[PDB]
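Some chains have been omitted; the remaining ones sit where they do in the full complex.
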């Protein structure tokens, strides 16, 4: 019976009752490739993982039979798809799982930067008897008006359009940018489209990031692109870790080029405010890689990722996979 | 020349140049009425106050030359408009100053409750190693999906429509209750309207107040209405704070009947978090009466109040005031 792993899992109680008989779901609870067991590394047909354990070219052959790797999530950047596509390993993922959640959390980070609700709550929990109206503006100094602030968006993916759809009502003027979309969407959703990155950086006040991390955009917003940002433009990042540089963003925050920046995923997981380059950065919000989560987007991505193992444990691989992301498979 | 006394503020550097020639502006900076200078109480004809000092009839009858009270904001509930009009004191206000900002900071409250982006930032400031994806769900246990929830707006004026317009895009099925509103505008915006609280609290996964406190809405959400909300339904209150029994909302939070509640204004300002009726409440966000503020909205709001006294120290009161609020003088 085809043992199906749950590599970085401890809770297999949604993938069990639908893989109850086709396979023996058995987690590994790993945090490193050298923390999986020999039983799984020698007999585990499929392995649904999460966004924490990272597999590399030299780890995909550290298995003995790995027909499929389902990524319970919207992004396959921690799996070397080009190695799996030649090691006889298809790599699925659940793209549509949390799109109305990443977009809500992103359009909430933008409002938490513009209106300073999180900083106000935090400065009210530290204790601040803010009573006089001259004493309110000194605790909300910077809370800007939204109507008419051009919103960059580096990439109309599924979760890039889902933010341009609900940020057009707040008054934002959206202008996306990504070179891989066909001439198109810019017209059907009613957003301007800039063709080169310098433009999106030069004419945007709240540059966001919604692009999947491939090998051509690693460290997209480094020190060289930050100097192209408008003077005092927020920077929300809910896409992926190695996308925005860290030392450079900290530098830009300390000086003042960035009037605030609410990262949501960091270059070093798990993030904390006591280690790393952002140790002393001002005007910085960070959530612990929680914009994909809800009570119904987990129950929907785990279910739909176990249904993906079901399809690959009976059907032909990879011609019976609803979401494979390497058709460079052999 | 007439004296125009700003009641609570050490800053008059926006309305001074707009009111330089006509009158002589002179701030008073009074956290209460017992700090008004005798000059600015015996010789001031016009007077603009923000929201902190509250003029009652026993107090509005002490100014002996006052002829207009420009109320900076959408408030005027801390000014006894009946008594004011009975003393020849026309009260106006600036209603359109911060609408696109109260609505934007009310939507952010609704999203900070549904996705918990300010309880996660806290848990990261308190220090929490959120490493394993089993711990992500334990630190964010409660974050919900928005598409489908029914947002119920008690009050559909300006700040109520401005939230229905921008919450219809997140999938929030909007629903409102407004008795004083001449029917036929739930048709334009496209939102179902209900006709009684017992019929709005009953179907609303996130009730948000947007009414103006008058002599008939005090403690609208009291101990008797919270027993009509759903079994767990967020409550946002970015509108004047004498609308929720704080001795009955904290009794519902510490019990689980309300799954969190972001209050923007309270009954007692300032709002020292450790002091008050809800000192020990769980799942509670509070900003300090700061949805109205913006570098641009706190300037349009003051220039347009200077311009209002420029019209009252020159025109016929109250037939010259652009938007007076007590034409019962």
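In this document, chain identifiers A and B correspond to the written order of the chains, with residue numbering beginning at 1 in each.
Note that in this section a residue touches a chain if its C-beta (ideal position, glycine included) is under 8 Å from a C-beta of that chain, and two chains touch if they have at least 3 such contacts.
Novice: Counting all identical protein chains, and not just the 2 shown, how many does the complete complex contain?
Specialist: If we count every copy in the full complex rather than just the 2 shown, we get 4.
Note that in this section only the chains that are shown with their structure count from here on.
Novice: Using the average of all C-alpha atoms in each chain as its centre, how far is it in Å between chain A and chain B?
Specialist: For chain A versus chain B, the centre distance works out to 36 Å.
Novice: For chain B, which residues are in contact with chain A within the complex?
Specialist: Checking each residue of chain B against chain A gives 8-11, 29, 31, 50-52, 100-101, 104-105, 107-109, 111-112, 114-118, 120-125, 127-134, 136-137, 139-140, 142-147, 165-166, 168-171, 269-274, 285-291, 293-298.
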